[PDB]
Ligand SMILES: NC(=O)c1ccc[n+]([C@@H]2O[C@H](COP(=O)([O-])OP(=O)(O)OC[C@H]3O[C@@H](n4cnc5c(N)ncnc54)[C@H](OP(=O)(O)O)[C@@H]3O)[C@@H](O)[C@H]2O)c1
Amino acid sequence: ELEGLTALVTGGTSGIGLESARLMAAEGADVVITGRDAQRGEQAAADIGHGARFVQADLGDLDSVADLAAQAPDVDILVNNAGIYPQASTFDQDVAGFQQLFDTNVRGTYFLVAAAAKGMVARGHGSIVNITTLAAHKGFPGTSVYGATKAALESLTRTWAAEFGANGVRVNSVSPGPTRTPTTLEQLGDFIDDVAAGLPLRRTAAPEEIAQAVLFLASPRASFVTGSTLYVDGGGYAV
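Model, the form solved without this ligand [one chain]:
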């Protein structure tokens, strides 16, 4: 149970972030979600329920990250899920897109953590969950920059675990494999796509399955888990 804990989920208006926020609100946390669009943000907060609230934020804009930290200054659980993921071969990758990818995926999260963790350390407790990707642990053509930004987060998980752990603050990564919102038709039919067919479990994850690993690491159930990567990928890393 997360009663009395405040959980901030960046990029929490859809996908993995939305379902992570939904689970934590249903467990009694006071949830704050962020996203770029105010209308979808308010609808996402109403979808989560339980008093969840929306704060508009652009993680690639440090002025916006500053205002986000100012509006949610005291945070016990922080899920760093906001990010972009455009693909291109190394030979095709443009400079503008490279800079945006690192500014949004790494720079914004870094200084948001720097602010939020200061309060956690002063209070003597907290849990930070970085969302990464299997592309940060294996090589997938087209994902060089995206994978590199999330590999930076994997290392920051370890450094932050060492820097904050003496004050009871845990830091971990959740590394998702292929994930897709299930459609109404997907319990029907027989076709298996090439992506799923490569994984031991022979299917893609629904976002809610990734969110269960986030909830675990965020919660006091994982009280002795820190500095680590939890792979939620149907076996992708193991093969």
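Here, rigid core means the biggest group of C-alpha atoms that superpose within 1.5 Å across both forms. Residue numbers count along the first chain shown, from 1. Shifts are known only where both forms have a C-alpha. Compared with the form deposited with this ligand bound:
- Superposing the rigid core between the two forms leaves a single residue from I192, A46, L201, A70 with a C-alpha shift of at least 2 Å: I192.
- After superposition on the rigid core, the Cα atom of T181 is displaced by 2 Å or more between the two forms.
- Segment displaced between the two forms is 181 to 197 alone (run of at least 3 consecutive residues, each Cα moved 2 Å or more after rigid core superposition).
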Contents of the next structure:
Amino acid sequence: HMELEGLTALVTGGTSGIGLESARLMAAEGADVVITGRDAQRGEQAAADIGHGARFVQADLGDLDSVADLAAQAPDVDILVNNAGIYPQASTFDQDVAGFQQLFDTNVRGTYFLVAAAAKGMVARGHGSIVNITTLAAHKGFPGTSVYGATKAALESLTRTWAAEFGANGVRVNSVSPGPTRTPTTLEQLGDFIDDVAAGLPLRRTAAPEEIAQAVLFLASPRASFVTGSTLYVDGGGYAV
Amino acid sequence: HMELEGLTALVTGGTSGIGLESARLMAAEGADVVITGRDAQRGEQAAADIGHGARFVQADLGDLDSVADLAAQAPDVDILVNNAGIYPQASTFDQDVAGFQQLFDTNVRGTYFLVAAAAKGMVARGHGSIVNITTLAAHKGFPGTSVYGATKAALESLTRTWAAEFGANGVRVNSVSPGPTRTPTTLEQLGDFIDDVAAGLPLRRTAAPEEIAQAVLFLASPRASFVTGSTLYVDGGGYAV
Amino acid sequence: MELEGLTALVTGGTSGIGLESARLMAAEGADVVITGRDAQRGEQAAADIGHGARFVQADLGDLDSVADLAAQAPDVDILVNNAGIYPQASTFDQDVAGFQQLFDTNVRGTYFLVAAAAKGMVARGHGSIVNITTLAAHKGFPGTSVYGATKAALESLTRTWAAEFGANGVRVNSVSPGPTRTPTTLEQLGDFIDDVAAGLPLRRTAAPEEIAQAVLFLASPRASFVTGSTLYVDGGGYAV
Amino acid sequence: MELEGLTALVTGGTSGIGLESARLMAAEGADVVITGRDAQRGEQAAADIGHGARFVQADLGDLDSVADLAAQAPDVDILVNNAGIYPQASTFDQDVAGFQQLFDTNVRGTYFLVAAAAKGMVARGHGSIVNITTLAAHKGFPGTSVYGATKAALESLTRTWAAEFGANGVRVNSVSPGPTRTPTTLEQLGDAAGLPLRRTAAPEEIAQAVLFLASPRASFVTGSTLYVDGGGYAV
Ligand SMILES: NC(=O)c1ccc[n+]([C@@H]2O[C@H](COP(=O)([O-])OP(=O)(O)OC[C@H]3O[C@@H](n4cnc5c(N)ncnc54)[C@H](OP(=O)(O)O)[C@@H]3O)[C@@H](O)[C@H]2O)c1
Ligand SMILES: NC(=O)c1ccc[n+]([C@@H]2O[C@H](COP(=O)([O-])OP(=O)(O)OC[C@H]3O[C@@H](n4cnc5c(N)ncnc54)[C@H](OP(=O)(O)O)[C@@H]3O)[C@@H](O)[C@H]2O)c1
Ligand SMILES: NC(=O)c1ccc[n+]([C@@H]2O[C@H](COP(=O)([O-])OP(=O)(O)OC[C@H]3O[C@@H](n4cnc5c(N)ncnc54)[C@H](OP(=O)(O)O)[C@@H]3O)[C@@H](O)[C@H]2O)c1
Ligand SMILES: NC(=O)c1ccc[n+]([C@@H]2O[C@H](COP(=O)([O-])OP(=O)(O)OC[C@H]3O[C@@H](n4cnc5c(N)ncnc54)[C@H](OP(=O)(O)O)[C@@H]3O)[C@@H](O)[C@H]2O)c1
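Same protein, different condition: the form solved without this ligand was shown, now please give the form deposited with this ligand bound.
The next block holds the full complex; its first chain is the one shown before.
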């Protein structure tokens, strides 16, 4: 239980759901974990549940000054899990401009400029692993998810460009594309949606967040030392059908 | 013999390059063609050279008020070609915030809300065809194209979602993903870049803009009556290698 | 007449998607050769098409027949690899003999016909090769395991051939169709294509003429910069 | 401890990627059965692996040998379809006999081994199948036409099998490796530079991907391709 000993791991949106479980797995493997989120009360609680010296830093990925402060507060990261993200739904005809801009500001812009800062240090040191959390709706057309799927699709392309830009200096970049997963947000907002998506999956069920974190752990760890530029689908068969 | 006789088409960025050749092919096929651009002088010259009653409407895809006024001036369209776009290059470490936001405003946001307006009439009438121009860098990792490829990969996802949302009402949606093409902008800005990309293509050459336009015409026309939600790669084999 | 002066060979050109592809190309001025196993159906198909289209009898599952076909039509500019069978069975039900027949017909016959015909294209410096695949080679449909695999092998062959022949100007592409109303899909698989169509954004099956239009495009000079790619003609099947 | 109580069958487990995959699983508590044609290397590989691992001789090109193999291990929880060959020749140079052997070995033998082993997995309601493919099945590399076609067929089978068996809890996935320093590859290549990582892989690096997909860690991963190729597919 020491495969990540000596590595610092930053997990955006790591105070709930898939981010919480990914930070838990990496702390248990000996990494020094930093998690971020907006709600300070819930972030400090999440860092205690995780234990192993995990610490919380408040940051809003939608504000670029906050992103730059986060990068300043963790200038030595070996594992970056870009997990923070929102996914409100609306048909194209119902979608508003302000919601469009917040989705791109949060899901794309904040992750882009955090990577620009953190990867520079990884490239200097000659080692690092970056994992971007995407979505099945970025690979198939589900009505109501045009904007959300478009943000994660841009992340899929960034995974490829970044892997080619940083690979010469030993830095790996990959995506984890999850299917419908039971998290507090999906339970509150999209309770029937995830169940409807699940009826069309081969495994015919939704995922526990731990099952998604297991794929994040693999790609972050040195077990995936030859894995870069790729997408790891964790969707119970959704992309296959 | 004019297969598009009776239809109205709107080509964004149709005053030079791939867009101008797509408009010329459609106007020759008997469609009533509207072309848009930012510079009014070169717009009127383009409309004049195209002939066949083609008209110009000035619009800036980056300004949403301008996009709204464009939708008003061309309300009922049967063919929409989303071709307008920009592609400046920079490494992820050199990329600036202003340039990031302009690339997404022009390539993604403007097309999104033009479609939201144009597709409403296509759905009500029960027929229509939308063609989105993407890029090879959205499917393979090219250093220096992180943002640009990310904007076009968002558009690839929108093609899938939109085809699922508008399909029941007869509206088709597809992408054309071009390889390196000789245009006014690539010959003045990316002269050595396109030949470098051409060297690793199975066809070992760059394309004329008309060669890209033939794919756009096919997808816009009743010949492609069963084609929707897909990408047509016109790239000399780049995606295959 | 876009295809004037060009010779086109269509395997399985006596019925269904192949028949309509040959009809389109003949109407474009091409000298079309259609092939099939049944001599009566072939002669009737050539008359139905017109335009000097001629029939040549061959069995793609027999390599001697394949070699005999390439000898009767040595100089082809357009080759449409359309002949194929698609019987359905779950993996637990699938028999050995049907497995071998599916690969013999759908893969081996096309491979060595391409090896023969593409030699002349490469030496002449031009040509277009269109391989007919299937949606089941891209998504998992129960009961189509062997069929999808043969067409997936064909998809990969498109990429390898595009790279090997592209230096000499020869293009290679795949057409991946959705459920199409041919006499075979109506006799057998009658309700399967309906179930598939209900899950497509267009919510319908295709007429064979609609698949043929994609074959015509990739085969013609209009697609001069298109090689190594898959053109999906499936009502949105791949996107959902 | 993670694979304790499970039985894993690795075809081509006496060398290269297969040997390292079977090694990782045995060291995780699985009862490992490896298979190959050569009996002397097979018994050595079984002793090399240790942990009670055993060797069963079989030729994937002979369906009677494949049937005998399945009957000697009817209770497999993990199946790694790793045996394969990859000779090269341009399309114009490819011979009929070599074409048929490539499909007989890489596709037919795997297909009917799966048809037997998946029955027990479906009955029990759990199991994991891992098919080893190749980058050449997704990109066009001159000289790999037949080899890549056989692996592309496996890629499609992964999806169909995921749909057919997933209705009863059985997962099926592909592992697509890049260039790897196995004994066959070192002899065939003699004297990679286009990959983002700019190096070839050690066999153990491919085996780690096999292990993850085979283990309960990947409990929600099915029908997918895991690319372990130094960035080849992305470029
Ligand atoms: N079904 C699924 O759950 C599913 C499926 C596919 C993909 N995904 C992807 O998986 C990722 C995580 O999913 P999830 O269900 O675990 O989400 P979640 O439970 O709602 O948690 C999201 C995390 O992101 C943080 N966050 C949200 N907006 C932020 C902002 N503007 N700045 C900084 N942090 C912000 C939240 O912290 P605060 O509450 O303090 O703001 C929270 O810690 C997302 O990117 C999602 O797109 C999820
Ligand atoms: N090698 C290639 O050329 C290549 C390869 C792959 C993909 N593509 C894609 O193909 C499309 C066209 O490429 P191209 O080379 O033909 O471009 P181009 O020659 O430079 O022409 C661009 C057109 O878009 C218009 N435009 C630019 N910015 C605009 C804005 N903010 N608002 C409204 N109109 C705007 C321009 O009008 P004004 O001149 O008046 O500003 C012009 O008519 C682009 O979307 C590009 O991403 C090109
Ligand atoms: N729904 C669909 O129809 C659909 C969907 C996706 C893909 N496809 C693919 O599209 C292609 C054509 O489909 P289709 O429905 O139009 O087929 P079809 O109507 O049943 O006709 C098949 C053609 O192939 C010939 N053929 C069959 N076996 C042959 C052999 N061993 N050697 C030589 N010729 C042979 C037949 O002629 P003879 O009978 O006289 O031998 C016939 O001309 C097939 O490759 C199929 O896999 C079809
Ligand atoms: N660079 C790479 O090495 C590379 C790259 C991409 C994909 N792959 C894939 O990875 C897999 C393993 O690669 P590898 O380099 O480790 O191969 P390898 O070292 O040559 O070992 C192949 C194994 O398959 C067995 N085998 C061969 N033919 C057989 C047959 N007819 N029946 C039964 N067993 C048979 C061999 O046993 P015997 O010696 O006793 O016959 C041996 O154990 C292959 O499927 C290959 O396609 C490899």
